[PDB]
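Engineer: Okay, here's what each chain looks like letter by letter:
2 protein chains.
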Amino acid sequence: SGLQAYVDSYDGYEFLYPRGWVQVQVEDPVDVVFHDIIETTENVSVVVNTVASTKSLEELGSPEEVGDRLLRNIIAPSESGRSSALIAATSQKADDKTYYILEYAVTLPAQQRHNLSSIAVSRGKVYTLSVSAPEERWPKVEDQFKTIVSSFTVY
Amino acid sequence: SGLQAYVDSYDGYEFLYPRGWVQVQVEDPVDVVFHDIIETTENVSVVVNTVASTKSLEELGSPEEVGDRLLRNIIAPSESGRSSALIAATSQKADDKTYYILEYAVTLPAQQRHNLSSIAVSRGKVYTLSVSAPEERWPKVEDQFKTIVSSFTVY
Ligand SMILES: [Zn+2]
Ligand SMILES: [Zn+2]
Ligand SMILES: [Zn+2]
Ligand SMILES: [Zn+2]
Ligand SMILES: [Zn+2]
Ligand SMILES: [Zn+2]
Ligand SMILES: [Zn+2]
Ligand SMILES: [Zn+2]
Ligand SMILES: [Zn+2]
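Respectively, the protein sequence lines represent chains A and A'. A prime marks a further copy of an entry chain.
Going by the authors' numbering, the letters in the first sequence line up with residues 24 to 132, 138 to 183, in that order.
Going by the authors' numbering, the letters in the second sequence line up with residues 24 to 132, 138 to 183, in that order.
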């Protein structure tokens, strides 16, 4: 609605994101980050990694199992200061692709953050779009952020 | 998606609701109730009341103020056994109409229930669609129930 397309035919995906967000240039494996001019905390981001003959997202595990691993390994690893909580893990299908959809909280010593990610495999690569807001702002942004996350298409 | 239209041109409104729900015949001011065959707890319902020259929903108050009143007077009144909690109150516009959207919890000695309602005025009448699920089931039904509530159109 007040959203704006990002189409990346190099890397093979698109999403909508809010109008008036601007891109920050970051390092691999993160492909794009866009964040709010004012609330630079609120952002969307796409990660791309590769994989040996993992044709499908279902062979990585169930969405909960994938969720657990995303948080274990990538979002709240090691001791990165930060703790995390998996809220919900579910699946969608759009075109002939399964996406896994994960909702999680992240605390970072403490500012608490609320997130939603969509993961989908295609062409030997895993694609994770992730949107994120301060806990305080979640309820206000929840329905926009669900439109962002469900606008994610991998070719 | 797996939803089915109810169009009431007598009373001047429509909504989508899940396929395989069936109608229960109830008394005024409730116009329609539909509920799940198995989980007869899960339901959608439309209430219709009249009003003297209240042309608009904005003149009843802000959405929070309306929320407070819906719960005070209609959903958890008097001592009806039951207690209630207003979670969120927001507004939408579809066609040239403002709808108020309210999320609330209701406890009933105790089974806890989670609800979402849309209220809109037109033609000297207030229209409240309300969908409701056991707390346990909320997360599973949340996104379907938001499609139900946002499919509500008053003419
Ligand atoms: Zn790219
Ligand atoms: Zn902004
Ligand atoms: Zn687990
Ligand atoms: Zn949260
Ligand atoms: Zn919610
Ligand atoms: Zn009717
Ligand atoms: Zn059912
Ligand atoms: Zn109040
Ligand atoms: Zn609840």
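Some hints here could point you the wrong way.
Identical copies look the same in the list; a pair holds intra-copy or inter-copy alike.
Derived pair list, reagent style DSS-like, types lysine-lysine, alpha-carbon separation capped at 25 Å [said to hold, decoys possible]: (1) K168 to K78; (2) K120 to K78; (3) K153 to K168; (4) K168 to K120.
These are computed hints drawn from the structure, not numbers from a lab.
Engineer: Next, verify each hint and record whether it holds.
Structural biologist: Outcome of the hint check:
no. : hint         : verdict
1   : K168 to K78  : neither (37 Å within a copy, 28 Å between copies)
2   : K120 to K78  : within (11 Å within a copy, 48 Å between copies)
3   : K153 to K168 : neither (33 Å within a copy, 29 Å between copies)
4   : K168 to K120 : between (30 Å within a copy, 21 Å between copies)
In terms of the numbered hints stated before, the structure departs from hints 1 and 3, listed from lowest to highest.
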